[PDB]
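Below you'll find only one chain, the form deposited without the ligand, shown as structure tokens.
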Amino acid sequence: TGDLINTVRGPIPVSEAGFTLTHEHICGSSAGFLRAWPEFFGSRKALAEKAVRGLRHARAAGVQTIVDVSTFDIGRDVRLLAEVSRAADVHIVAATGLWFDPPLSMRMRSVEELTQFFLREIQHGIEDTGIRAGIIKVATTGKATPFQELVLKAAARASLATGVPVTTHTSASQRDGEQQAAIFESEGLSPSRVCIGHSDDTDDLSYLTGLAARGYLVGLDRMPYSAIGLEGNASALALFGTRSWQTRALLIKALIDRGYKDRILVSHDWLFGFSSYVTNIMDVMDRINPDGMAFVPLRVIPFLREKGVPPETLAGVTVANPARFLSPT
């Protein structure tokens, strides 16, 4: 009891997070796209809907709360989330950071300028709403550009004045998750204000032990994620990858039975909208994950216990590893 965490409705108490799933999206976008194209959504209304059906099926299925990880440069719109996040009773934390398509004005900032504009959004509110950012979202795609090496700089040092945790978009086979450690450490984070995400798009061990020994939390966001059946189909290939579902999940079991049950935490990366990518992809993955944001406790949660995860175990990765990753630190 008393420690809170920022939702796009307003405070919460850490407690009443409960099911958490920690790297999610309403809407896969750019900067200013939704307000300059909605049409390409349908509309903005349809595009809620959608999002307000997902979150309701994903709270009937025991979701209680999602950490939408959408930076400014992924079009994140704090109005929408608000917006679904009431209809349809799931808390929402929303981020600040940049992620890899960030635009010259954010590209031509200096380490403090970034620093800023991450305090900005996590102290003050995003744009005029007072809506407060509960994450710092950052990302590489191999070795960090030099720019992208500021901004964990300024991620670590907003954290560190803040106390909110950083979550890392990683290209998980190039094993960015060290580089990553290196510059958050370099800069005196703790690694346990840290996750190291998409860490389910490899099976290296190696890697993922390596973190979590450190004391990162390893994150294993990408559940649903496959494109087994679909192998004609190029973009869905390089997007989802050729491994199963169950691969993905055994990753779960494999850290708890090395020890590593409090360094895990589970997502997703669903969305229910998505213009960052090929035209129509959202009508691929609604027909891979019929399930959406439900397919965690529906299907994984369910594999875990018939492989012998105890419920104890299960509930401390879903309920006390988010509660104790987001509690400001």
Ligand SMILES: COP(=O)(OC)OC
Second form
2 protein chains.
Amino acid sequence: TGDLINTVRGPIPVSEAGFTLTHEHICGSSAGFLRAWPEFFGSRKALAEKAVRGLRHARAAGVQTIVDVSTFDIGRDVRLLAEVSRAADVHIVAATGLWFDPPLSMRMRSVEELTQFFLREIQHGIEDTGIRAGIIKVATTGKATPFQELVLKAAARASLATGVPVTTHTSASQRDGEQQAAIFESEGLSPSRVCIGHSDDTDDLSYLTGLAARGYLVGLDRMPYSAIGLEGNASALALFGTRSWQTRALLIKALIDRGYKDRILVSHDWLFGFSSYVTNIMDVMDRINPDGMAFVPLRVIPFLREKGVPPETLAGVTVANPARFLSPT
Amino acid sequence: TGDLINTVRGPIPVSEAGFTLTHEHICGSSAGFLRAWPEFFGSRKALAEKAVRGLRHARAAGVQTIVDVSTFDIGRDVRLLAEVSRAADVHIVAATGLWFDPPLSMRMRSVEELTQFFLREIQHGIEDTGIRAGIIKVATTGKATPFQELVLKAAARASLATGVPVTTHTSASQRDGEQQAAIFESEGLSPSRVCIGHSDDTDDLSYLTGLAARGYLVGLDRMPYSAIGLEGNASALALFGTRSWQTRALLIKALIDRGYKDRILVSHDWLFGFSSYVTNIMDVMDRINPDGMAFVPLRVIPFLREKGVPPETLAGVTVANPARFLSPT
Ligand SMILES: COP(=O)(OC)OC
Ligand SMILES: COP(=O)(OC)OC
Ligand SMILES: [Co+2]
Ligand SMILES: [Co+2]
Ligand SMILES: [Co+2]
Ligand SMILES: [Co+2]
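Please could you give me the other form, the form deposited with the ligand bound, since above is the form deposited without the ligand?
Next comes the full complex, this chain leading.
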């Protein structure tokens, strides 16, 4: 008791986070896009309502908290998060940091400048809302760009100053986590403050156990993603991959079986609106996974149970690990 | 009389546009940036006040209207434009279109989709403000990217539907205007609806007269830009160039001398805040050109007069040409 985390509705006790999905999005978009072209999503109203239905469905399945890892450049709209959080009665933790679509006004910035920006969003508030970020999101897609090196160093500095954790997008097949780890450690950031994300996009357990042994959290965060049965859709294939949800879920068990239960975070990387990819992609996704953010509790958790993972272990993964991760340390 | 143009304060008669600077910016930034990190500019308040002082200075020098060609991805803040327009009593025409920093949510769009977006900003209003764009801004930096081909076609379609003109960023040294022209004409857009911008960045009169003969407007719109005396500043050199303002201004006379007075538009490409380039660049620019958007009327127009350009011709360039260009046709 006593430890607190910031959500879009304000502070909550860490112990009330409960079952927490640590890599999700209300809407995957771009800075200013929702404001400039809400009709892309039908309307802002239609988007919010869809998000409220989806979060209510997750809540019914036992999800109490999601971490929306949408950064500035994912077009994070914190007012939208707050609205849907309130309507669905599900906690949402907002993010700072930068993903892999930063505009020139970000790309031109120094590590010092970026640190100040991340600190602003954590300590002061996002935009003019006073809503404070509870996580820092960063990204590579292969070897880090020179700018991405700065971003990861700035995330490390902001984390050290605030205790807020860092979470990453990787190209898992290219093993980005290793370089990400190297950069974070060069700034003196504790691996326990870092989740190496999209780690379920690979079956390379050498890579994954290497990270876990070093104390990193391993983000198995794309559970429902599969283009099996849709191979004729090039865009669906490119983003979903050809591996089944069961294949992804088996990695949770594999890490548990190898002693790393405390190093695992599970999520969907789901969303309710999606403008940063092909038109109508949301319709494809909703067909593949009608359960949305309830997929983990409804399908993944029982799958693991039936494979013999003990309830106490499953609770540790879905409640205790996120709590430890999110608590400012 | 009778013809109207949309400004950030609402409709005005074309005849009240008066002396008009056709390629300017209040702030060169990125989508969402001003909202997310206003402290970059000191504050939003400091930015607005600086812009009001600058526009008042231009007004005193005889400028009655500026066209702010900031697109969505230049971080156009139409509320800011309206505030500074009202305080300084200078008309500001806002822009739609896309510059060369579009985010993924724009880059993934079809020509049809982009056309709908440009039409939204012209016919419905920008964001939730009801403020309507009076120009469409587009860009290449060398040969058009596949996405830029779509943007230029979408601009052509939106222009045909609304009568609003199109204005361009070029890499003038690479003669981008020729391909831009080809794409516009392939959509059946009249060259009289198009200004090929940054054309004073080159002294290639073969290129420039080629465009003018075809009926394009030629944007000599970077008048005060020179890094002469600052050659040891790599960033200043890269954006300003090594040609004097007099060299740039001579192109206005050169085009007049060759019969193309009606095909010329003159501006500064100035701004009062600048986040899409190196930190403190605004301080360098303010040192090079303390007169800001008064530089054209105070320095360029008298230079031309003294070189023998008749007052009636100078009035045609600064009043009649913009009026014809901006009037929806
Ligand atoms: C930011 O959106 P995303 O994480 O979609 C789930 O990737 C485009
Ligand atoms: C959009 O800003 P700019 O036209 O600055 C004058 O170029 C970066
Ligand atoms: Co990602
Ligand atoms: Co994601
Ligand atoms: Co330009
Ligand atoms: Co410009």
